[PDB]
Amino acid sequence: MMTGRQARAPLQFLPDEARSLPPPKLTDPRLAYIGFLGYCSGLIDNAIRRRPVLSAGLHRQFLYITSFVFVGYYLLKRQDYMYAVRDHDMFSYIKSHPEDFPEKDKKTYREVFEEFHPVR
Amino acid sequence: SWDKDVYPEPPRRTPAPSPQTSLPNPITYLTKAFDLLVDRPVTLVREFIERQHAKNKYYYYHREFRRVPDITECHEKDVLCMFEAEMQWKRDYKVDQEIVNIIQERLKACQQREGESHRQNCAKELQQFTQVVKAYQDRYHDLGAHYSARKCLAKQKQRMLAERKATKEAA
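Here the protein sequences come in this chain order: o and Z.
Quick note, the first sequence lines up with residues 1 to 120 if you use the deposited numbering.
Quick note, the second sequence lines up with residues 3 to 173 if you use the deposited numbering.
Derived by calculation from the structure, the hints in this document are not laboratory data.
Be careful, since some hints might not be right.
No farther apart than 20 Å at their CA atoms in a straight line, the calculated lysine-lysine pairs in the PhoX-like style are these [to be verified]: (1) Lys79/Z to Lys106/o; (2) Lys110/Z to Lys6/Z; (3) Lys110/Z to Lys136/Z; (4) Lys153/Z to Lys136/Z; (5) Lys104/o to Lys79/Z; (6) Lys153/Z to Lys79/Z; (7) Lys110/Z to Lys126/Z; (8) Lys107/o to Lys153/Z; (9) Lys159/Z to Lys170/Z; (10) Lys136/Z to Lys159/Z; (11) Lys79/Z to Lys107/o; (12) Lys92/Z to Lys159/Z; (13) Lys92/Z to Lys79/Z; (14) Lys107/o to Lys159/Z; (15) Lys126/Z to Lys136/Z.
All chains should be built: construct the whole structure from the sequences, respecting the hints.
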């Protein structure tokens, strides 16, 4: 779909145009949910190896949460960039082709006619 | 107390009591006993409660809604103006329902009050009830559980087209 956009500068996670965008906050709800995913994976890792789930290996669970937060932050940056590119291309194409996107003649309800179907 | 113009009531005309017989009616003695034993303590208690209520006074107000443009001057698929028009129409729908309730209460009060001669003396209340019911039926009936201002506008437009065709074919 957007390979022509991602064809002149290939294999780039975040192009230089992405730095003009606001970065996600560290209190992002998606980032917090990804950290919760990391915590859940740490608890499952404790559970499948017959360790005490909430007590054994706090360093392991901390590294799980940290790794999930890191990877999720970069994925969120890429996602926001790509939706920004989508909107930018959409608006540029709308503005460049005014013949195909005419202004709809809006009419008030005193002129329009709607059939009435009684419920009896 | 209420407003005696919205809820009218004719003046009370009671006859004078004429004791033709010499036997004492127990109703007068029971009324004396009721005023001595029941009316006086209840009146005193209400006086004390009203004195307690008069020490501090605070007021509550009736909410006033200013008129916004209706659905006839709203552009199609314009959610802001249509939202305001729909809210106004729903409020007027509720008020019209309670107006019909007021007229129905008037009719029932007339029928009970006039006694056996109710068919002659409640002609005006019956006429008011018939007129207001015809207006309510022409305004709000047969809309369904999903009624809205657009449905009412469509119904009124269809009725106006029918009236215009009827006056064209009768001309």
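Hints, one by one, checked against the model:
At most 20 Å may separate the alpha-carbon atoms for a hinted pair to count; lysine 79/Z and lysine 106/o meet this at roughly 9 Å. With a CA separation close to 16 Å, the supplied pair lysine 110/Z and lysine 6/Z stays within the 20 Å bound. About 18 Å separates the Cα atoms of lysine 110/Z and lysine 136/Z, which keeps this hinted pair within 20 Å; it holds. For the hint pairing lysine 153/Z with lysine 136/Z, the CA-to-CA distance comes to about 19 Å; that is within 20 Å, so the pair holds.
Distance hint between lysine 104/o and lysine 79/Z is fulfilled; the C-alpha atoms sit about 12 Å from each other, no more than 20 Å. Of the pairs offered as hints, the one joining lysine 153/Z and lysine 79/Z holds, with about 15 Å between alpha carbons and a cut-off of 20 Å not exceeded. Restraint check for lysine 110/Z and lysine 126/Z: the C-alpha separation of about 13 Å stays at or below 20 Å, so the hint holds. Simply put, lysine 107/o and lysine 153/Z have alpha-carbon atoms about 17 Å apart, close enough for the 20 Å limit, and the pair holds.
Taking the CA atoms of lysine 159/Z and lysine 170/Z, the gap is about 16 Å. The hint holds against a cut of 20 Å. In summary, the hint linking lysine 136/Z to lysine 159/Z is supported, as the alpha carbons are separated by about 17 Å, within the 20 Å threshold. For a cut-off of 20 Å, the pair hint linking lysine 79/Z to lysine 107/o stands: about 10 Å separates their Cα positions. A distance of roughly 19 Å separates the Cα atoms of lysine 92/Z and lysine 159/Z; the hinted pair therefore holds under the 20 Å criterion.
The suggested pairing of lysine 92/Z with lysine 79/Z holds, with an alpha-carbon distance near 19 Å, which does not exceed 20 Å. The hinted pair formed by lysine 107/o and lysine 159/Z meets the criterion: a straight-line CA distance of about 16 Å does not exceed 20 Å. Between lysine 126/Z and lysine 136/Z, the direct Cα distance comes to roughly 15 Å. Compliance with the 20 Å bound is thereby established for this hinted pair.
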